[PDB]
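*Asks:* The chain contents come next:
There are 2 protein chains.
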Amino acid sequence: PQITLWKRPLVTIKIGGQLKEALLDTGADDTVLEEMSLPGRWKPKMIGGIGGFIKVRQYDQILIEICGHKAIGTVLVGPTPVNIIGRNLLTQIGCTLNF
Amino acid sequence: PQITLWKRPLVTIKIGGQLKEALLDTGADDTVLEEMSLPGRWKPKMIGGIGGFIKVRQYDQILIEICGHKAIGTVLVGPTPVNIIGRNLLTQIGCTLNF
Ligand SMILES: COc1ccc(S(=O)(=O)N(CC(C)C)C[C@@H](O)[C@H](Cc2ccccc2)n2cc(COC(=O)N[C@@H]3c4ccccc4C[C@H]3O)nn2)cc1
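If you read the sequences in order, they're chains A and A'. A prime marks a further copy of an entry chain.
Here the entry's author numbering is used: the first residue of the first sequence is 1, the next is one more, and so on.
Here the entry's author numbering is used: the first residue of the second sequence is 1, the next is one more, and so on.
The set of hints was computed from the structure by calculation and includes no laboratory data.
Warning: the hint list may mix true and false statements.
Stated by the list, open to error - Covered, in the sense of this in silico footprint (three residues per stretch, anywhere, with C-beta under 8 Å from a C-beta of chain A'), are these stretches of chain A:
{"id": "1", "region": "3–9"}
{"id": "2", "region": "13–21"}
{"id": "3", "region": "28–35"}
{"id": "4", "region": "80–94"}
Just so it is clear, CB atoms sit at the ideal spot from N, CA and C, and this is done for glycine as well.
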C-alpha cells in the first residue's frame, strides 16, 4: 500500500510471537525495538541518535512480520522510546519513498 | 521521483541562501538541522530522540527548498548529528511511503 505522512507511519509487527506497533523510519539505518523477550543469542552494541548514545543487544537473523510482509534480519533491542523499523528491513519489504 | 532505501535517502536542500544535505526522515515529526546561520527570531525548545534530549531553536515560517521543491514551515536548529527533514515538511512536498 501507499502511506502518506500527515500522521506517523505506524504499522503492526509480529516478532518473537508477540504483536507490536512500530514506526516506518527512513532515517534509521537499523531496526531498533524497546525491551522485549526474544529467544537465542545477542551481541552487545551501541548506537547513537539525537540526544546521545544507547547500549543495545544486536540480534541476528530474526524473523519479523511487518504489516504482513515477512523479513529476516538484524534487530536491535534496547532503551529506545519508540519501536523503529529501519532501512535494513524496509528494503526487504520493498518499501520506497516517492515525491 | 522515487527513491529506494538501500542507501540513506539524502537530498540537497537550500535554506537561508545556503546549500546543505539532509536525510528524508519518516520517523521525525519535525525538521531538525545542525547549527547554521539563520535570520530573524527563534523560540527556545527541547526535543527527544534515541539517546536523550536536545535544546533547539524553533524557527517558524522558514522557506526551504528540498530537492527542488519549495516548502515553508517550522525548522529546528541545534545539536543534531545529522540534517533531518521531518514529516512537517515531507507532507508539504507531497512525499509518501510505498510497499
Ligand atoms: C521533536 O521532533 C523530532 C524530530 C526528530 C526526532 S529523531 O530523534 O531525530 N527521530 C525519531 C526517533 C527518536 C526514533 C528520527 C529517527 O529517524 C532518527 C534519525 C537520526 C539518526 C541519527 C542521528 C539523529 C537523528 N533516529 C535513527 C535512529 C537509529 O539510527 C541508526 O540506525 N543508526 C545510525 C547511527 C548509529 C550510531 C551513531 C549515529 C548514527 C546515525 C544513524 O542513522 N535513532 N533515531 C525526534 C523528535
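*Asks:* Which of the numbered hints are not met once you compare them with the structure shown?
*Replies:* Hint check: 2 fails alone, others pass.
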